[PDB]
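**Student:** Each chain, written out:
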Amino acid sequence: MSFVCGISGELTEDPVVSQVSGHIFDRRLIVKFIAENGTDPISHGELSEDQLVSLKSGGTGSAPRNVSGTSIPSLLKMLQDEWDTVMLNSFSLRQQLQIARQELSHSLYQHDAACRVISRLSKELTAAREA
Amino acid sequence: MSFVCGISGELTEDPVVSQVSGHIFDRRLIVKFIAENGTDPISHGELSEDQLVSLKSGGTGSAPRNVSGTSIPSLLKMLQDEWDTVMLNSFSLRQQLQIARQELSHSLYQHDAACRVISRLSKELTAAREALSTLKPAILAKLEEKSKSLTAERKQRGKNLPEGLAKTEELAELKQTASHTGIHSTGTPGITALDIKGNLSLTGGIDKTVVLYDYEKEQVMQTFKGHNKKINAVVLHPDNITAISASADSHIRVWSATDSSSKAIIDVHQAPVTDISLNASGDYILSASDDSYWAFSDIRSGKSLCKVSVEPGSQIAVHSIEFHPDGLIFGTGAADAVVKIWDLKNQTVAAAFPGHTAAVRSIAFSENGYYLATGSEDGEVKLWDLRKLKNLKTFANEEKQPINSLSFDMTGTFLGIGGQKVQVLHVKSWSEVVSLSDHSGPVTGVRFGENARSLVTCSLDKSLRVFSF
Amino acid sequence: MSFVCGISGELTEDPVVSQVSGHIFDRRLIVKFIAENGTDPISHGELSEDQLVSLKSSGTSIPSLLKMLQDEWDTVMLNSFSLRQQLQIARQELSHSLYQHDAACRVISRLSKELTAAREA
Amino acid sequence: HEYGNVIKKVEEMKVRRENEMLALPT
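Residue numbers (the authors' numbering), protein chains in the order written: chain r, 1 to 131; chain s, 1 to 137, 161 to 492; chain q, 1 to 57, 68 to 131; chain T, 72 to 97.
To be clear, the hints were calculated from the coordinates, so they are not data collected in a lab.
Worth double-checking, as some hints may not be accurate.
Straight line, CA to CA, 27 Å or less: simulated DSS-like cross-link-like pairs of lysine-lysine [claimed, not checked]:
1. s:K77 - r:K77
2. s:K190 - s:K231
3. q:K77 - s:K77
4. s:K56 - r:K77
5. T:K80 - q:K32
If we strip away everything but chain r, and leave its shape as in the complex, we get:
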């Protein structure tokens, strides 16, 4: 069966889930594991025979598996992944624009630098002639 056991790494023919588990176990694996360990292989919760439930497939009404690769969920998912990327990109662009715009606003000395040059040159034009 297509489920692969999380412990043995080989394909099941007797899949089992328990409420403290999460990875799949084989029935023929977990019962000996309960006997020696008594302990969940992954979460280390206490195991008991009433917890285990076994999975089945092919019941009436079960939808056919979509194999075509495209689907509405996966397209909405990747469109969401595009949007997350573009906003985090835009945020770091907006951050850089704010920093660059901020310091150039502080650096607006041009009119006051010019007045200092005017003050300096008008001193020079007198200093050039008092000698």
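Model the placement of chains s, q and T on the given structure of chain r, informed by the hints.
**Tutor:** Quick look at chains s, q and T alone, frame taken from chain r:
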């Protein structure tokens, strides 16, 4: 760990499993299913949102892009084209479900029809093997002439109803306006059958007497005696003088309002008589019995023209019979809940209708010549169209109390229904106009006055009563 | 209630607050920000996925919703482009401003040296 | 977030190391 949802068939990032099935689901989908239906989608067991175990291993990763999916607008194009296929697939399913249910109805119909052939042939084989195992050394022309007369004279009435017809808004105000009691002895109570002819009426009882009674004169007209057992059905002839009665002693006896003696006795049945019907010309009477034969007989001499079993080679209780009002065909109803239509010209089954789920205690034919109604112990009433031999509409009571009697009105605009309570349907709308429960026991007969201006019913409550607005 | 994410500037269905700044984010963006930058996006302090505190919380037509996605996506991309265009303009203005500053330093240096000549004529 | 399936690319590269090569840990 790759997983797929049993509801959608797609991959899921959040697989979950119900405690009452082995199947796996996408969490948001199964929760919405539980929120509507409270049940497992596949095993149909009761399921609640806390009975879920989370398959919290690593979910299925994203599918790769198609090469056309590398741009946002082409993903929107791809999403639009994907959606159109999903929508049309969903539309194809509801089309396919209609087609499958259509074909299954035809398939079961053909199988049911095949079981009738099996049953008939199996009885022929049993009779043949029994013979081996014990081997030791103008009447027909008159009816069509009369029926075509009858069905042609109808055509003006079919085009226009009488202008004096009582309105629906008048029949909605029906109330008890006459009551008659003491017609039969209190030691064996209840009116078993009724028929009326205007204010004249004829009644049967468990007390073995037949009593002719006028519910306008408040008086017995005549009393007849001689039956060995209770009376099951009665017929009052259009001449207002001849009276017809049927007994559980397997004999039919005929009486006159003018006479103190039996006009005739018709020894023709082997078992208790259950129902009888009167031909539209009044010349002849038709009858059915627990012996499964229908038999057709002269009212006066008791001679019989023909007699055939309703189910040859078998015994089935026949519970209702009625002529179609043009008089050439009649319907029959039995404990097998098959309704069989017979042609009197060929004396053979013209049609057979599987229908109700229980014995057909009553059958009614409309004087429009095409609505037919049949009533049963299962508490449904169904309307039938003879022009295609099909159902039109169904009505029922949810408590499934037996219906004992039916009657169309004389114009066939209204259908009266009688069981544990009294109801009248306006048939063209197929809507209940009124329901009445004034009887303290089962109803045993329904009849209508001229132009639907009055309604007459009887019951095991020892009373005969009339309702009008 | 409407909650606005500090990264996107848009409403969120799953508002989250960061204890390192008190600003409100969409859970999915900030986790992706942490998973790439490891920092608070506003305060620049160290931040981790366990530090987020959760806040409390009809359709129209499918072609209509798809056309909203089209028009909305063009708006988001217009924003992304104009940010790149405005960023380069900010860098061009900045480099010009620094060039004006450095040229002004050359002038002020030049003139201040020439002003020494009047003391030695 | 999209090409995270490259984890299986290095598992396929791992398989080429585990086949045709040395001992696994003990």
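**Student:** For every hint, state whether the structure bears it out.
**Tutor:** Right, here's what the structure says about each hint:
1. s:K77 - r:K77: holds, 15 Å
2. s:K190 - s:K231: violated, 40 Å
3. q:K77 - s:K77: The given pair, whose Cα atoms are some 11 Å apart, holds under the 27 Å limit.
4. s:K56 - r:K77: holds, 20 Å
5. T:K80 - q:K32: Holds, at roughly 23 Å.
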